[PDB]
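Presented below, as structure tokens, is a lone chain in the form solved without the partner chain.
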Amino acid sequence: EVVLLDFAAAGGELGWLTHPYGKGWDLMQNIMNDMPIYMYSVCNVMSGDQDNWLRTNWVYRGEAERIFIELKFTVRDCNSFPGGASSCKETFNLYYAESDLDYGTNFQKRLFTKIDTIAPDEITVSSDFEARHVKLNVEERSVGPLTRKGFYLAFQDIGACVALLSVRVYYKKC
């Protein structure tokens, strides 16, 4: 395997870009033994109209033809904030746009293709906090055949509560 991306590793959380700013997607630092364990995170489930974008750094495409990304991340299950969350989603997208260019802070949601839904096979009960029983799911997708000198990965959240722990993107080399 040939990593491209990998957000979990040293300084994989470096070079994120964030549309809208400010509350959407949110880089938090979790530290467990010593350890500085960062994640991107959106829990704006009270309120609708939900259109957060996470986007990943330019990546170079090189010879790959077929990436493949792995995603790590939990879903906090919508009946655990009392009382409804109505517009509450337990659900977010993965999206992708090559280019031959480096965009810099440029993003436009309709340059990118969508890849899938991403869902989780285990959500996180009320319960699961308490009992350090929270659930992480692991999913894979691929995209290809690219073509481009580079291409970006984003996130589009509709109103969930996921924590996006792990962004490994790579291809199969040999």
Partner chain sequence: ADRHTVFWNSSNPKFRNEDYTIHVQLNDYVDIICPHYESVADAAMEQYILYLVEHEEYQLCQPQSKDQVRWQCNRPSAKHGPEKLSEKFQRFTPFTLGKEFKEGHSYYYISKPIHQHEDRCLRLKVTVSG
Given for the second form:
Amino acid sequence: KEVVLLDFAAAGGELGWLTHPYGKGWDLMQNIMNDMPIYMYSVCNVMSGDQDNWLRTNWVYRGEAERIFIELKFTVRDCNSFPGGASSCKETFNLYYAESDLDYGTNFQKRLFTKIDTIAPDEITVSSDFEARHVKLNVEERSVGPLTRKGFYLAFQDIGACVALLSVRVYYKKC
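Okay, that is the form solved without the partner chain; can I get the form solved in complex with the partner chain now?
Chain alone follows, minus partners and molecules.
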């Protein structure tokens, strides 16, 4: 059975994740989907060249977890669909993590983070998807293990992509 350690979509936008650099990259956006109020972290700096934007989750107490499974749901926009569209447009983002004994709070040092994987969309959102109000929601899962320290963070690095993160779910399997 799955024990849930983190569930963004369930938190009703109360989570307040740290972004870096201060007030530049990811933003908490709000919207209506399926007649329900939802939140998302999104970033779309496709015109501005070299991007390096970090969204860090709050510290997650590990407990008895050894291998954690990370479920991401997100959209990614077609680099072709930008009137301008510099060759600095990307269609991936990166998933990182870091283990810790204590919560560092507002401290964020990227080089403490280890890359888990590049996250790529199966389904790209194309310009026609806009007037059709069609949400193509990608689902990607990764796992990291064995975890050893008292807690851990996840972080998401944007490198110049147009992404909306709707869901982040971390869990372990007991037995």
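What we label the rigid core is the largest C-alpha set whose atoms superpose within 1.5 Å from one form to the other. Positions refer to the first chain, counted from 1.
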Residue among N106, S127, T147, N33 with C-alpha shift of 2 Å or more between the two forms, core superposed:
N33
